[PDB]
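**Q** Please construct the entire structure, taking both the sequences and the accompanying hints into account.
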Amino acid sequence: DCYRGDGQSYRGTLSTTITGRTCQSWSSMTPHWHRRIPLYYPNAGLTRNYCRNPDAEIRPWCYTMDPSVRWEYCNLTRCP
Amino acid sequence: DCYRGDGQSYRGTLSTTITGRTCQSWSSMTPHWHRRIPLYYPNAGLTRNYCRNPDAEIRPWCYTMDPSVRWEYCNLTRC
Amino acid sequence: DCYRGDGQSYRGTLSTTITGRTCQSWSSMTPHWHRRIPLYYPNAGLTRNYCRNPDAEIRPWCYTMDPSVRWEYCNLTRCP
Ligand SMILES: O=C(O)[C@@H](Cc1cccc(CN(Cc2cccc(C[C@H](C(=O)O)[C@H]3CCNC3)c2)Cc2cccc(C[C@H](C(=O)O)[C@H]3CCNC3)c2)c1)[C@H]1CCNC1
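So the sequences go chain by chain: A, B and C. The opening residue of the first sequence carries number 1387 in full-length UniProt numbering; numbering runs sequentially from there. The opening residue of the second sequence carries number 1387 in full-length UniProt numbering; numbering runs sequentially from there. The opening residue of the third sequence carries number 1387 in full-length UniProt numbering; numbering runs sequentially from there.
Rather than coming from a laboratory, the hints here were simulated on the basis of the structure. All C-beta atoms, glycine included, are put in the ideal place defined by N, C-alpha and C. The reader is advised that the hints may include incorrect statements.
[As the list claims (entries may be wrong)] Residues of chain B clear of chain C, computed beta-carbon distances all greater than 10 Å:
no.: 1; residue: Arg1407
no.: 2; residue: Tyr1427
no.: 3; residue: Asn1429
no.: 4; residue: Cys1465
[What the hints assert, rightly or not] Between beta-carbon pairs, the in silico distance windows are:
no.: 5; chain 1: B; residue 1: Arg1434; chain 2: A; residue 2: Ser1414; range: 25 to 31 Å
no.: 6; chain 1: C; residue 1: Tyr1427; chain 2: A; residue 2: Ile1404; range: 46 to 52 Å
no.: 7; chain 1: C; residue 1: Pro1424; chain 2: B; residue 2: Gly1391; range: 43 to 49 Å
no.: 8; chain 1: C; residue 1: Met1415; chain 2: A; residue 2: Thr1405; range: 30 to 36 Å
no.: 9; chain 1: C; residue 1: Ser1413; chain 2: A; residue 2: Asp1392; range: 27 to 33 Å
**A** And the structure:
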């Protein structure tokens, strides 16, 4: 599994961060309250807890299930 | 008056930061808008402007009344 | 074109950050959702996308048109 460019187009199902943490669901505010919700980013594919890039970071990312770690990049490599 | 561990259990009355600033009230959104509110933290004892640790910081903290400084650790020692 | 004190009083028309990005409009909620609007800061001169200091930063600042970069200080030096 891989991403192209900055990964805004990435629509895979990876839900694990670079440090092995589980992604938080985009539709949950727990443990991290956020504004990266389907209502505000309807074309960004904010499904379940999948790694995404709704706000033009360098690569796909997610909020994490670890209360002490708000968000991280995903364990995902750049495409050949 | 002191905290144990990471101070998630702290329920004392200290309301002052490690720089001497006064804590903002948890129920207040001014000068700092936030979501450390009883709705998302029912167990956290978020009362008045008391130093608390709802969200697993390393020690009790509060939003500060200084508009320049969003939040700081509290002037509290470990038991 | 410069700021006095920490620039709370500043009402010039600069709309460019330190890294040369352009300010988002204060009334606009896109790309960054925020609280710094005419309602919650009534005397701050939150007009168009002009560099302001309503919330007691060290210097005037703005939210940026870059969706990733939330806010930056403006390219404005202090008055001599
Ligand atoms: O992470 C994000 O969601 C995204 C960035 C983002 C977007 C929108 C708003 C924020 C800011 N929030 C906190 C916050 C709320 C109100 C106001 C501010 C500060 C102001 C502002 O940024 O509007 C500035 C403006 C100029 N001087 C102050 C900050 C972020 C926030 C939201 C919830 C909790 C915290 C951390 C806690 C807090 O500050 O509660 C601290 C408090 C102690 N424990 C943790 C921080 C951040 C990134 C994710 C990947 N892409 C970008």
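**Q** Next, verify each hint and record whether it holds.
**A** Against the structure, the hints:
no.	hint	result
1	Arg1407	holds, 13 Å
2	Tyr1427	holds, 20 Å
3	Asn1429	holds, 27 Å
4	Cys1465	holds, 35 Å
5	B:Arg1434 to A:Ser1414: 25 to 31 Å	holds, 29 Å
6	C:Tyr1427 to A:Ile1404: 46 to 52 Å	violated, 38 Å
7	C:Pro1424 to B:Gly1391: 43 to 49 Å	holds, 44 Å
8	C:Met1415 to A:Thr1405: 30 to 36 Å	holds, 32 Å
9	C:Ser1413 to A:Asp1392: 27 to 33 Å	holds, 28 Å
Checked against the numbered hints given earlier, this structure breaks only hint 6.
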